[PDB]
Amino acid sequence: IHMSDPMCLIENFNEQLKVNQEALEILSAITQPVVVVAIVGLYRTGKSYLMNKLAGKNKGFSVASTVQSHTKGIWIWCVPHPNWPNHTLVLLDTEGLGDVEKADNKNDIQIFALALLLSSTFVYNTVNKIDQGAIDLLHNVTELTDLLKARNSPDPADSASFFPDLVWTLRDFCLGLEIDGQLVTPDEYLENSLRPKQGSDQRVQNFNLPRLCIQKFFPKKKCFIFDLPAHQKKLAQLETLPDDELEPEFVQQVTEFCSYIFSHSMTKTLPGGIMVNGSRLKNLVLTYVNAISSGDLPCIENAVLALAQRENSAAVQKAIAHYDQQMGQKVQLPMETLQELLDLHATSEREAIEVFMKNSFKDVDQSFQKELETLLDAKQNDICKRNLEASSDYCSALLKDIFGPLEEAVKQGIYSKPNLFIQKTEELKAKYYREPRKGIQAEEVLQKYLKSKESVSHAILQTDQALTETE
């Protein structure tokens, strides 16, 4: 019915997640509702030892005392609940985080996430003190867990209502529980560490981001302290010593921790008022392991690579900002020649690339440099086409200020007398040609106008011939 000894539930075979069918079969045979308690923390912090206490046994989850990690994967121990009749207590012992020999550092987050998803009570095991790194890791994995859970979902309860209750344990605790001159309980110490700072300013955003998350996903928190259990020369073989050879405060602290778990941990639930049993827990194991194996848990690349990308992206923005202010050398969009525009773009592009290199950091494959290159190319066509229509629009304005009076004169009839229209057009064409600061479009605008008015010239000549005969 229940398990005399724990078994491995989830293995890391090679570097894939593998479920143990023997443990699944035993688990799915559990017909009672299950209270699931999981422990997670850095490796070599006495997690397996503490979990054996919850089972009320002296041995169980394997314990070791070298610098090397010991527990691998996630282990399962289904035992009768010692206090709640007709309930099964489900204990989950986990591979510790931060193993400096483990190549698959991302598997840490997978085990962390699985512990949050499978448990109803989550025991976060830390040493000496609350560290910001422990807070940020809980923050990061909680967000990744909620995202994965949303990618595997189909009324009013939010996803956060199904996260487990948080139990924060402090091992080898020695520092004074005193904050700003006031003595505090372990719970008040936890609250002070997790309390968002008041206000809305930028000075507070980063501090409050993980705490707003933990406040949201873990409303019910509990903190426990544990003294050093014995002299350090006796920590190896600790599980061999009877309670009267350990520190009395530690023995009582372990008892108070176990009593809280037995009295406050709840049956795991699922959306729709469903009480989880062994079979439904097996479905949760298979569901989430497959979701992780198919990529539903996001993966963040190493922080040095992410920071390099942020700095290179900033470097490209400073590069185009320096090429945009350097185009003040162009004192005129109607430039005289087109090659002077191209040369000024080249010197500005060349200067902007230097400021990019100055502000860049490990731009692998020049991927961010090539991006800047295609941006500056777009800046070339953008200035070459705005140059064209700056020449046209200015030249067209001169055609209506030099030739405007002649158009009115011809419309009146001044040149209906008995070829002196052509003579004055040529002198006004040279007038137009002498106007400084006309772009490269000058000849085109003028010739297009002369062809527009080449049909009026013929008619004026015709009329001149007709009137010559009359007298």
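Positions refer to the first chain, counted from 1. The term rigid core refers to the most C-alpha atoms you can superpose between the two forms while keeping them within 1.5 Å. First, how it differs from the form deposited in another entry.
- Checked against the rigid-part motion between these two forms, the candidate from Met275, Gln369, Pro298, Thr126 that sits at the hinge is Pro298.
- 168 degrees is the angle through which the smaller rigid part turns against the larger between these two forms, based on C-alpha superpositions.
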Given for the second form:
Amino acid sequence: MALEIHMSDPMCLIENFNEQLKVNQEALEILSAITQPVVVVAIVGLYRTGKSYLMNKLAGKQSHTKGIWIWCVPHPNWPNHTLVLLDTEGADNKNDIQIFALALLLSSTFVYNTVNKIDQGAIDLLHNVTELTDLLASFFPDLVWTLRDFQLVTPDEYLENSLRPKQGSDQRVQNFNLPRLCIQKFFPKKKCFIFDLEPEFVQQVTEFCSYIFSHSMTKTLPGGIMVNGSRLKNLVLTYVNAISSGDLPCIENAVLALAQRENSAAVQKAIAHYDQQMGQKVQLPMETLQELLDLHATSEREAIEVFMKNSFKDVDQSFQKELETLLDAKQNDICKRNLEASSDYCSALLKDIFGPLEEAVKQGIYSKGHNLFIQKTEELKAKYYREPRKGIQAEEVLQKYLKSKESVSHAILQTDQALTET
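Next up, can you give the form deposited in another entry of this protein, since the form deposited in one PDB entry came first?
Below you will find a single chain and nothing else.
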């Protein structure tokens, strides 16, 4: 089951309106339904607003300030891959650093979109967002630093030269090297672009898109764990609830929370499959108990397989043992329902087979006599035993009914013997 989604316009994902970080639930239902692997490239534009121009070129064809906006499009070069675009723009206060580090945590490519040239303020700002996403192999996202509006030096050498530290040890050169060295090791792969309709300006914006479409990889987690639309939803809920609660987002707790949710979903898909198979193949008045248990075993082994194909790092087999106890409870319930259905069905058979019989004795039709009453009851037991499928509780309910009619049979014998003497 694969559901490919293509949306025409971007939506709001995280809201920083007022003071609390609110999550747009409608954007999560669209994201969760995505089954393909996602390539999340986050676009963060500082200072001047860029009318989300880079986001539209990456999508294949309004203000995104205090919050993150998401846009899911199919990858143009990678088949069966979903391109997820995150756009956000913003001395800037501390509330925008939280959403920038969020976009950095959710992304596999971080597009830093500033203006003019690389100043100390933009480096200090990028250094600040890397601290909220704690860093304590290749799951770190790559940096794409774009510069708008402007000894031959290439843009790549400029970015590598804008981060080259100067030797020294005073508390004003160390503070000059600390942010420029903290992002040197944070982003292992770096790329720089210089921007300036003009026929030459689109040349740099297309090779920027060609670099994003050819280099940006599927987002992964520590442990070689590919991320799709469902797992990115849990990453957002884990990271947002971490920031909104005052905690620093730890990544080892995000993967455990994701594992505990995919396992809870696994035991539900197993029970759902078991309920479907059991509800479609079982009519309660079964012929024999063994035929009901064989139906349960076939549905049980299929449910266990559905769990194993959807589980993810089952800790101590706690979810598998939980599933096996629920299946055993359904085995005891269906066997109890099988006996009740056999008793209730067989009770309705006696009301119709012995209905006219106990109604005939009420009018004294055997008050002759009794030898014709025992042979008529015996005749009705042959019709009851030759019913097509009545369950396994057929013998116990018949005897329980016959022992309740002993007083009626003894009374007919008294009347039959009372008139033979006269």
